[PDB]
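Have a look below at one chain only, the form solved without the named molecule, in structure tokens format.
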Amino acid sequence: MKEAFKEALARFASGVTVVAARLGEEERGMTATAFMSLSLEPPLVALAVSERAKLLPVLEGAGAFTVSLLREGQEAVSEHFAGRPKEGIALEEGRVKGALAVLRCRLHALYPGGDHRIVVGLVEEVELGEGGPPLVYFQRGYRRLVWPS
């Protein structure tokens, strides 16, 4: 169903992020390509989280979360937090170590989004990793950017 729509979405390239939240010692991470900048003043970002995602209840309960932007070569991290377990992968400080960047947000709002919820975060803290190319998703697969030396 929705073949044409899905194909259109498969034609929108995007970076790959890992959204994480923790309540006490209960921490959950979730891979997401549906992420976008929203505002500068105040600093806001938005993302789509499935209504059936185990992350949602934890994120809403915590009232805060982090967003890590994955770099080239981090396919294993993306797969792991997408529900396909990988060895040696674990969140550190509530985020992904070695990512291009990390945004620590407090929950700003939750709006209806069909089978997903629109999650808006107010960025309170930012962490930047080393520079370099990003992990990209396009046409149902991980891709690389032309970024020669």
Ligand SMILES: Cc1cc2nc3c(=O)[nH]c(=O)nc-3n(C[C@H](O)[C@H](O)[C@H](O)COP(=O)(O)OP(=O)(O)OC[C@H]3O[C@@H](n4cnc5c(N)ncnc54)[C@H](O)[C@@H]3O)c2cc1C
The other form holds:
2 protein chains.
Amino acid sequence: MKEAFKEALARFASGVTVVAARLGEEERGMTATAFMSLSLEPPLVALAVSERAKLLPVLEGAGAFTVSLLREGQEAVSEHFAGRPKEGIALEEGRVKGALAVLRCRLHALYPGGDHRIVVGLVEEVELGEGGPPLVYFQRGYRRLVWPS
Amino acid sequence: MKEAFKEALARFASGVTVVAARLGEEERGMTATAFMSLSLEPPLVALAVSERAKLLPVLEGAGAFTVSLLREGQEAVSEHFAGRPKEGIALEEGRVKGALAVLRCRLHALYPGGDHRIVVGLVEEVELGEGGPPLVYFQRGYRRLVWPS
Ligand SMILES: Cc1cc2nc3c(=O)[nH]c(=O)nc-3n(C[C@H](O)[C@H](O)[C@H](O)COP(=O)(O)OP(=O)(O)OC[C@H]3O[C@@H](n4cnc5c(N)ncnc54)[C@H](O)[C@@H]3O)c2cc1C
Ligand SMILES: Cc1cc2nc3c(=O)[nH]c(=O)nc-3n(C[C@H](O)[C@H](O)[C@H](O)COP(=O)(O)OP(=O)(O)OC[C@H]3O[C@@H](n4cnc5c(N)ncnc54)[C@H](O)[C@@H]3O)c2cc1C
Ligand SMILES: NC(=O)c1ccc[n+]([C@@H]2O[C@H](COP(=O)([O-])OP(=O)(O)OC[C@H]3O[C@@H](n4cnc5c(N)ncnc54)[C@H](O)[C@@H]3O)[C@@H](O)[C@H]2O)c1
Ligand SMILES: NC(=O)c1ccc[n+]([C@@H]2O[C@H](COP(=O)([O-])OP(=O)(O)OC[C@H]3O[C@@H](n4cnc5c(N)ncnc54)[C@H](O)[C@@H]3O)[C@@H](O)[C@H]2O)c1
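The block above covers the form solved without the named molecule; next, return the form deposited with the named molecule bound.
Everything in the complex follows now, all chains and molecules, and the chain you saw is the first one.
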């Protein structure tokens, strides 16, 4: 079921992020396309994390997390943090190295979201990688932007 | 202000949507990139609408709204509903005709989101348009996806 809903959302293109959190001995990363800018004042971003995600309890307990925006060529990173292991993929300094950008957030608020939890982060630090095209997901596949334009 | 934050978010590619609501014959439309799939069961989507958006009052009052996913070549529609009026642009049946897809939602919840409000919609109807490339926004500009024949 939900074929129509999925076909519709498959038609919404987006960049790809890796959301990560560290709580004690555990540090987890998870691939997420459900990400969006939320506020400028204060600087907030919103994400939807599955209630079934192992990342969730870690992020909740940590009270802070990072969001790395993947660039073109990082499909392997996305696949790895999406549950399809790739050799040698790892987080460095709590985030994805070589990403277009990294947002280090303090957990600002959480809200119910059906089978997902709405996670709101207050951006406290911003890391900017070198400019370039992003990793894009649209219609059930990784895509590239016609770049430059 | 918030130069780094803006630069980072400009690095998150996304499709472009037009959110609309109506109270009788008073109908408002607003361009938005802050949109994401939220839940499958129930089928929910989330978006961020500025607290100063004229659309918000109507959306709350209506308790329902639509989200149209724009396709490649609809930059004019995006600009129009972004506050820069264009010729011959109008909502039809409460949404944008000729879009990749339209989601007709019932307002499910409203949560605090800084200078924006988190709008959660319960998808009650889905409309799909012809297939094809989407309208993408990235690095302060409309972009096209590599999608050759
Ligand atoms: C394009 C795409 C977009 C997606 N968007 C979303 C979304 O917006 N929201 C959502 O809830 N789900 C999304 N998913 C699915 C989601 O990624 C999987 O359901 C989820 O990753 C499983 O995550 P988990 O935290 O439960 O961890 P696990 O099931 O354990 O999966 C995490 C994977 O990441 C690896 N990993 C975890 N931590 C580390 C670490 N510290 N170092 C190295 N490797 C590590 C693991 O080896 C494992 O394979 C998306 C999937 C794809 C393919
Ligand atoms: C690429 C892009 C992405 C954006 N994403 C977001 C976002 O995610 N969230 C956000 O809050 N803001 C976003 N904005 C800015 C936002 O679009 C403007 O702040 C907002 O449109 C002003 O909305 P308003 O509802 O107050 O209406 P207005 O300032 O009145 O703007 C709405 C425009 O739509 C037209 N319009 C309204 N109703 C109708 C109708 N029934 N028929 C025909 N035309 C109509 C108007 O003529 C007007 O020009 C984005 C802007 C751009 C350029
Ligand atoms: N937001 C998410 O939770 C999310 C986003 C994309 C991918 N995924 C996972 O990857 C699989 C493949 O995705 P695809 O886009 O290639 O094909 P798909 O047809 O399974 O999904 C199409 C779109 O529908 C939405 N969606 C699908 N499953 C969802 C879920 N469980 N919760 C919320 N939204 C969902 C997402 O926007 C997804 O991109 C999905 O079935 C899901 O397991 C999860
Ligand atoms: N989510 C939003 O509210 C949103 C999204 C994009 C565009 N816009 C409007 O269009 C203008 C141009 O944007 P641009 O991307 O071409 O260059 P920009 O540098 O002005 O914006 C960069 C990115 O930061 C985020 N952002 C910017 N202003 C925001 C705001 N007021 N609230 C929440 N997030 C914000 C968005 O993701 C935007 O794409 C922005 O200044 C803004 O007025 C608003």
